[PDB]
Amino acid sequence: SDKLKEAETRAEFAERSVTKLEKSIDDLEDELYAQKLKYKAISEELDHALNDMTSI
Amino acid sequence: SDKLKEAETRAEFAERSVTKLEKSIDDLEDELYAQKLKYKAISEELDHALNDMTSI
Amino acid sequence: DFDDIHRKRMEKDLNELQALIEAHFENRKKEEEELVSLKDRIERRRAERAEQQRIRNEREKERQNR
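Chains as they are written, first to last, in the entry's author numbering: chain L, 229 to 284; chain K, 229 to 284; chain J, 86 to 151.
By construction, these hints were calculated from the structure, which means they are not laboratory data.
Some hints could be false.
To be verified - The calculated BS3-like cross-link candidates involving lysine-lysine, where the alpha carbons are at most 27 Å apart (straight line), are:
{"hint": "1", "chain 1": "L", "residue 1": "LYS251", "chain 2": "J", "residue 2": "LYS146"}
{"hint": "2", "chain 1": "K", "residue 1": "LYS248", "chain 2": "L", "residue 2": "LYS248"}
{"hint": "3", "chain 1": "L", "residue 1": "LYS233", "chain 2": "K", "residue 2": "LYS231"}
{"hint": "4", "chain 1": "K", "residue 1": "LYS266", "chain 2": "L", "residue 2": "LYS251"}
{"hint": "5", "chain 1": "L", "residue 1": "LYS266", "chain 2": "J", "residue 2": "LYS114"}
{"hint": "6", "chain 1": "K", "residue 1": "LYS268", "chain 2": "L", "residue 2": "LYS266"}
{"hint": "7", "chain 1": "J", "residue 1": "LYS114", "chain 2": "L", "residue 2": "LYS233"}
{"hint": "8", "chain 1": "L", "residue 1": "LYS266", "chain 2": "K", "residue 2": "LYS266"}
{"hint": "9", "chain 1": "J", "residue 1": "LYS115", "chain 2": "K", "residue 2": "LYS264"}
{"hint": "10", "chain 1": "K", "residue 1": "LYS266", "chain 2": "L", "residue 2": "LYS231"}
{"hint": "11", "chain 1": "K", "residue 1": "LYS233", "chain 2": "J", "residue 2": "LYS146"}
{"hint": "12", "chain 1": "J", "residue 1": "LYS146", "chain 2": "L", "residue 2": "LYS248"}
{"hint": "13", "chain 1": "L", "residue 1": "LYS268", "chain 2": "K", "residue 2": "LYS233"}
{"hint": "14", "chain 1": "J", "residue 1": "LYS114", "chain 2": "K", "residue 2": "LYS268"}
{"hint": "15", "chain 1": "L", "residue 1": "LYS266", "chain 2": "K", "residue 2": "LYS264"}
{"hint": "16", "chain 1": "L", "residue 1": "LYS248", "chain 2": "K", "residue 2": "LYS251"}
{"hint": "17", "chain 1": "J", "residue 1": "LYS146", "chain 2": "L", "residue 2": "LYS268"}
{"hint": "18", "chain 1": "K", "residue 1": "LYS231", "chain 2": "L", "residue 2": "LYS268"}
{"hint": "19", "chain 1": "J", "residue 1": "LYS146", "chain 2": "K", "residue 2": "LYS231"}
{"hint": "20", "chain 1": "K", "residue 1": "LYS251", "chain 2": "L", "residue 2": "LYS251"}
Please take these sequences and the hints and turn them into a complete structure.
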C-alpha cells in the first residue's frame, strides 16, 4: 500500500510536470521559429540590397 | 501485486519521457540562444554599417 | 612602380563586388525561404503532437478518475 501510494503520487507529479514541460517546449519552439523568420526576412532585405549591389 | 506492477511500469515510462523532454529542451535552447546572439550581432554590424555610411 | 596598383585594384573593384553579390543572393535563397518553410512544417507537426497529447491525456484522465 505504501509502495503503490508513493508510485501513483510521484507519477501524478510526473504527468503534471511533463505537461508543463510540453507547454514550455511548444512555446520555445514557436518563439524560435518566429525569431528565425524575422531573421530570414532581414536576410531577404539584405538580399534585395545585394541585388542592388549587383550594380557591382 | 498487479496494481503495483502496472503503476511501476507507468511511472518508469513517464520518467524516461521526462528525461528525454529535458534533453530536447536543452538542445533547442542552445540553438535558439545561438540564433539570438547571431541576430544581435547582425543588427549591431548593421548599425556599424549605418554609422560607416554616416562617416562616408 | 605604381603600375601594379591597377592590376591589384581594378580586379577586385568589379570581381569582388560581383562575387559577393552572388554569394549574398545564393545564401539568402538557400537560407530564408527554406527556414521559413521548415519552421512552418515543424509548427504543423507540433500542433499534431499537441492534439495527440490532448487526446491521450483526456482518455487517461477519463479511465483513471476513481
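Verification of the hints:
no.	hint	verdict
1	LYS251(L) <-> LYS146(J)	holds (18 Å)
2	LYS248(K) <-> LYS248(L)	holds (14 Å)
3	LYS233(L) <-> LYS231(K)	holds (10 Å)
4	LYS266(K) <-> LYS251(L)	holds (26 Å)
5	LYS266(L) <-> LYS114(J)	holds (15 Å)
6	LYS268(K) <-> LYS266(L)	holds (12 Å)
7	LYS114(J) <-> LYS233(L)	violated (58 Å)
8	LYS266(L) <-> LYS266(K)	holds (12 Å)
9	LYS115(J) <-> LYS264(K)	holds (20 Å)
10	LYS266(K) <-> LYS231(L)	violated (51 Å)
11	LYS233(K) <-> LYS146(J)	holds (19 Å)
12	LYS146(J) <-> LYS248(L)	holds (16 Å)
13	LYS268(L) <-> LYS233(K)	violated (52 Å)
14	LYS114(J) <-> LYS268(K)	holds (22 Å)
15	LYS266(L) <-> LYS264(K)	holds (11 Å)
16	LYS248(L) <-> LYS251(K)	holds (15 Å)
17	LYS146(J) <-> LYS268(L)	violated (42 Å)
18	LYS231(K) <-> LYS268(L)	violated (53 Å)
19	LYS146(J) <-> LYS231(K)	holds (17 Å)
20	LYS251(K) <-> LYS251(L)	holds (15 Å)
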